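Shown next as structure tokens: one chain only, the form deposited without cytidine-5'-triphosphate (CTP).
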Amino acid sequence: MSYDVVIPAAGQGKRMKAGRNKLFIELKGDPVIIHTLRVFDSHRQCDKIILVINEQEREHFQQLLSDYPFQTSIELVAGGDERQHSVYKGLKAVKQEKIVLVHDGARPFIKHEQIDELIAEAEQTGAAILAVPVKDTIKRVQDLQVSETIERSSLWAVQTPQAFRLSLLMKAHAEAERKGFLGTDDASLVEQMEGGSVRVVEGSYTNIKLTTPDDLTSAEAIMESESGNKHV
């Protein structure tokens, strides 16, 4: 069906002084967050965007959003420094049982076709995530000494959005909060529940999270190239 999207500003790279959020860095003249918002704004099935921010940057986000036209409702919600608490505070803003997406503010390259595929999986089974196969060797390391190599065959690097039935994800967040469980992503909270199962939709290697100057460099090139002929 249609969905609400919760976009945390938290957990999107290192914490910057108020007003110098990494989400405000311009990419081809527009802040990273504007790029990301546009994807959901232009998507027919997105009913509402819930942008969860630090209260000390409310004036900045308000000003920024007043400078661009949107055709989708955007709610600014004050959240914590922790991505997980912020996401849960956003979820609490969702007004009815529906499919909800949680999407990193610093992932502007998500495509509508991946969003539709996700939503279809989540309707069906309750929880779906975008991910890509791991290509590098992964090791666990303690004080720069290798402990083990993680068997690679079935490893996937997880992205966002992540799509869920609202009630299922609210429950996951409630239980994790009660237990003091911190997960790195939303799916991990659902995986900790008794019933919990999470489906995977394969995404694109260009759905990068922008947290460093080097990521911005790659981002500029992805945008420049998206215009054109695509090599396979």
Given for the second form:
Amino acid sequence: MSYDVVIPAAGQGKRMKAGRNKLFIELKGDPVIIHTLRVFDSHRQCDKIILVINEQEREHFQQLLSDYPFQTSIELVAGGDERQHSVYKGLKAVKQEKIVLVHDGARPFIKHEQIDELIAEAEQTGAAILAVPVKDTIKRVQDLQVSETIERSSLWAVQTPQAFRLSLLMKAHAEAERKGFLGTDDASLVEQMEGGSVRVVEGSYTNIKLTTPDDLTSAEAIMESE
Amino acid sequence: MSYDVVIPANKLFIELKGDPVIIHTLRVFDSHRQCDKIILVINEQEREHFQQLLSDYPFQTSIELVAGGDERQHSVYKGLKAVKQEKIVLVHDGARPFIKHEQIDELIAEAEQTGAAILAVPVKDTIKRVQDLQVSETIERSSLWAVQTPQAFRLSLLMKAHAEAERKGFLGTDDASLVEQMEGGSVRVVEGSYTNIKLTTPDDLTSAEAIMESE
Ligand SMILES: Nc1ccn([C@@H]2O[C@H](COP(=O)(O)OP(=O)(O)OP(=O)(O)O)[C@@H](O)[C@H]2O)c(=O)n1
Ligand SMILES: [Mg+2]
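Form deposited with cytidine-5'-triphosphate (CTP) bound structure, per the form deposited without cytidine-5'-triphosphate (CTP) context:
The next block holds the full complex; its first chain is the one shown before.
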């Protein structure tokens, strides 16, 4: 029942345009990454947190973490140039075979309820993601000019966490690294493997990712609402 | 220079800070000098409910209620028959109240220059096709855009588009699809704003309230 969580936090936050890691931005007085860490530190089934960071920020994370009452162990692991590389470095720090969750540092509003439903699906079938139905029309665009329209009734917008049996995720990462496949999520690595299957748990539209400046306004309102 | 806007219709009476979302949306087109007419397409049996709304919220810009078919595509078509001469027509979701005139002008500017346009933003999330709560494929993310409204077209061009799409069986999801599908159909894309959100659910209202107070 017990899991480890790998939290990629090693990005620069270029689209957020804060002039520093977006994850140090304060929401209601506490950095984004502190909100995210708190969800896992307060969740009884989380044994360990592996937080993947840019090595230049390590002393800053050391300080930052010492100011807060985290009781669960938090290991700082250096990341890489892309999220996938960062995730793989974090996963190599997990010590025993078990269920592992990978969760973006930039999603601070994940709830214990959804974490619970994912771990259950991963335990049964191996690989589970949070997701929500797409509501907008999606099209592909070449040089600000439409090339085609994707059918939407079956389309879903994927969230984190994504939950996996460690062995299965490590195998997906190792194959992807050897072949040069760079996926945008951990699920797509598993999908690329022969016989790879991923299941969907419906998530909350409040589990937003903080990516652009307008996402900070949505974030403040979600906080105030709860 | 000047456009009509067709708005196809109830969820639109959901409120945002005291007023139905449709009234916030109407205000934007009413405050825009290049908007000559607003055509609001409705179910014929709700004509009184709408008359009442428009009585309570007087607008200076001309607003015409028109009877609407059983689907958005048919409603938009019915709406377009109420446009009286050749010009740019917008088609806009009533539940998108935060459209800015700046974006509206770019949409027109492009659809006069080249015939058809849409507002859109880059997709931020990974998108998967899912069948029975099991992933079937991941859609390649890189050149993906989330489409908003309004969508702006030369009337002849779009009514032409509705004409041929009527002639085949083709039911569309939005209207830009009708342009892209027949002929050598070209739709340019104007990068919109992530604030141009659609309001249906109560989580949506939570965001909308925040956007309003922010600006
Ligand atoms: N090389 C990277 C890039 C991203 N991430 C992390 O992966 C999560 C999702 O990535 P994204 O939202 O793109 O964050 P950034 O890459 O930092 O932002 P941008 O793409 O706008 O630079 C973030 O918590 C980010 O810190 C990471 O650990 N290593
Ligand atoms: Mg990134």
